[PDB]
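Visitor: Here is how the chains run, residue by residue.
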Amino acid sequence: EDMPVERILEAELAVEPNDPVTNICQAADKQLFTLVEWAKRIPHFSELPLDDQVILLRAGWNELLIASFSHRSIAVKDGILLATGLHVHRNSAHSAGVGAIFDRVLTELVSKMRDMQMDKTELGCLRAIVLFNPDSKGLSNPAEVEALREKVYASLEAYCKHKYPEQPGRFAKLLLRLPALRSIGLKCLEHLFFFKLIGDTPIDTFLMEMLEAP
Amino acid sequence: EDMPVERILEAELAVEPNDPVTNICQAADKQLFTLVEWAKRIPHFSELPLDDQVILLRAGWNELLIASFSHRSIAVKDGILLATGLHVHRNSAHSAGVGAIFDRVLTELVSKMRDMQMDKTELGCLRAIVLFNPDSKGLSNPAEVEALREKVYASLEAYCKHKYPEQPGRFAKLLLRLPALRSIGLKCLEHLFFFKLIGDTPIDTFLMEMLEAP
Amino acid sequence: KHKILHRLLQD
Amino acid sequence: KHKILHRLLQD
Ligand SMILES: CC(=C/C=C/C(C)=C/C(=O)O)/C=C1\CCCc2cc(C)ccc21
Ligand SMILES: CC(=C/C=C/C(C)=C/C(=O)O)/C=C1\CCCc2cc(C)ccc21
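Same order as they appear, the protein sequences are chains A, A', B and B'. A prime marks a further copy of an entry chain. Under the entry's author numbering, residues 228 to 244, 262 to 458 are what the first sequence spells out, in order. Under the entry's author numbering, residues 228 to 244, 262 to 458 are what the second sequence spells out, in order. 686 is the number of the first residue of the third sequence in the entry's author numbering; add one for each residue after it. 686 is the number of the first residue of the fourth sequence in the entry's author numbering; add one for each residue after it.
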């Protein structure tokens with residue numbers, strides 16, 4: 228109850244109008277600041293205790309940013325568009341040693357989004373579901389987070405079937421990209437910890453903080 | 228089209244009526277044989293080319309087995325029931341160094357299944373969706389696999405809403421456990437590769453083959 | 686490759 | 686801990 232897709236869409240429209265790895269890390273750090281503002285625009289999020297707000301963002305920031313640049317890259321030929329306005333071509337990513345993860349983003353996320361023409365409302369809702377992850381460890385009231393999530397996909401399904409009546413399986417199709425997002429999110433984090441370990445690849449303060457423990 | 232939940236349920240009913265790690269590995273090897281038979285009972289699966297059948301099972305066996313023993317453990321206090329008829333108590337898993345992954349299985353999977361009273365038909369369908377993973381690399385016809393998956397969750401949603409009319413968000417709730425299954429599946433595989441690397445912990449032939457490359 | 690799996694699927 | 690994140694959320 229009280230989870231209008233209009234507010235979710237607004238949050239998306241409000242936050243967004262040579263080693264490629266380094267460029268990706270700078271873009272991620274950059275978007276981390278924008279991510280917090282996006283979250284504050286998601287209904288009832290800011291109403292949760294500060295401690296749980298931190299846990300939720302800590303637990304889903306990687307998937308949240310990935311979903312975002314992936315959808316942004318729908319208009320891209322063979323690459324990804326970073327928030328900084330730079331483009332990472334497949335060859336560039338390949339030549340940097342990150343071709344494997346790059347190919348997964350394109351095939352499992354970008355390509356699928358483009359083919360089904362995922363819109364900004366749907367993207368917003370999927371990220372809202374990810375943000376409200378009831379499995380996040382440390383939550384003082386997991387039931388409360390579970391409630392918000394249920395309200396999001398409840399509004400999302402309503403959005404679909406209504407906008408896209410001719411596609412009864414659209415709602416499920418949207419939800420079925422979450423497993424790929426989870427796996428891809430995990431691999432990207434592994435690469436980030438390796439970059440931090442090796443020493444090379446400058447990592448900014450906010451991104452570094454997210455890599456911090458726990 | 229042509230994906231009756233009745234057949235899916237039948238497949239589930241047909242395949243199922262001291263270091264805990266070693267017991268878990270023996271149970272997994274054991275279930276790998278049963279898994280192939282379960283797959284053959286899933287409509288249209290055996291109709292796919294041998295090469296794609298292999299890719300699908302190779303790509304989802306870990307998640308398929310995890311979903312299964314997790315649902316089987318619903319009647320368990322604080323532990324998991326293995327197919328071999330042995331029970332792995334939380335303390336036992338903890339004392340073996342696998343308490344973390346063990347806690348995730350219980351909290352993210354077992355507990356959630358029990359609370360919503362996930363039935364055998366629903367479990368069967370969720371596994372069928374996992375089996376028909378269109379993102380599996382190597383597929384000669386990914387579109388064909390995507391088609392079967394869509395037909396499964398199409399029948400699953402029909403099953404729900406009809407059996408559980410009073411729970412409109414049940415279908416989505418079921419699908420929303422797939423992300424946890426994916427993450428948990430990945431961590432368990434990591435533990436398995438470490439067990440194989442260390443040398444200790446006997447690993448049988450079928451399980452070993454699944455650890456093999458690619 | 687995938688000795689075991691292939692044999693089982695064929696049967 | 687989580688210096689940056691807390692400050693941003695509070696603002
Ligand atoms: C964790 C992460 C965050 C991305 C933030 C960005 C780039 C946001 C944006 O530009 O909108 C992604 C990584 C993290 C580092 C590895 C990596 C490699 C490829 C090919 C693609 C993505 C990633
Ligand atoms: C990959 C895997 C397969 C399990 C198969 C079983 C045990 C099937 C069954 O008994 O029905 C699970 C593992 C693999 C090894 C690590 C592990 C640890 C815990 C606490 C639980 C599960 C696992």
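Hints were generated in silico from the structure; no laboratory data involved. One thing to keep in mind: the hints can contain errors.
Cβ pair distances, simulated, as ranges [as the list claims (entries may be wrong)]: (1) A':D444 to A:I345: 46 to 52 Å; (2) A:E456 to A':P386: 36 to 42 Å; (3) A:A398 to A':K407: 18 to 24 Å.
The beta carbon of each residue, even a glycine, is placed where N, CA and C say it ideally should be.
Visitor: It remains to establish, for every hint, whether it holds in the given structure.
Guide: A quick look at each hint next to the structure:
Here the CB-CB span from A':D444 to A:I345 is close to 32 Å, at odds with the stated 46 to 52 Å. About 39 Å separates the C-beta atoms of A:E456 and A':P386, a value consistent with the hinted range of 36 to 42 Å. About 19 Å separates the C-beta atoms of A:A398 and A':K407, a value consistent with the hinted range of 18 to 24 Å.
Comparing the model with each numbered hint stated earlier shows that hint 1 is the single one that does not hold.
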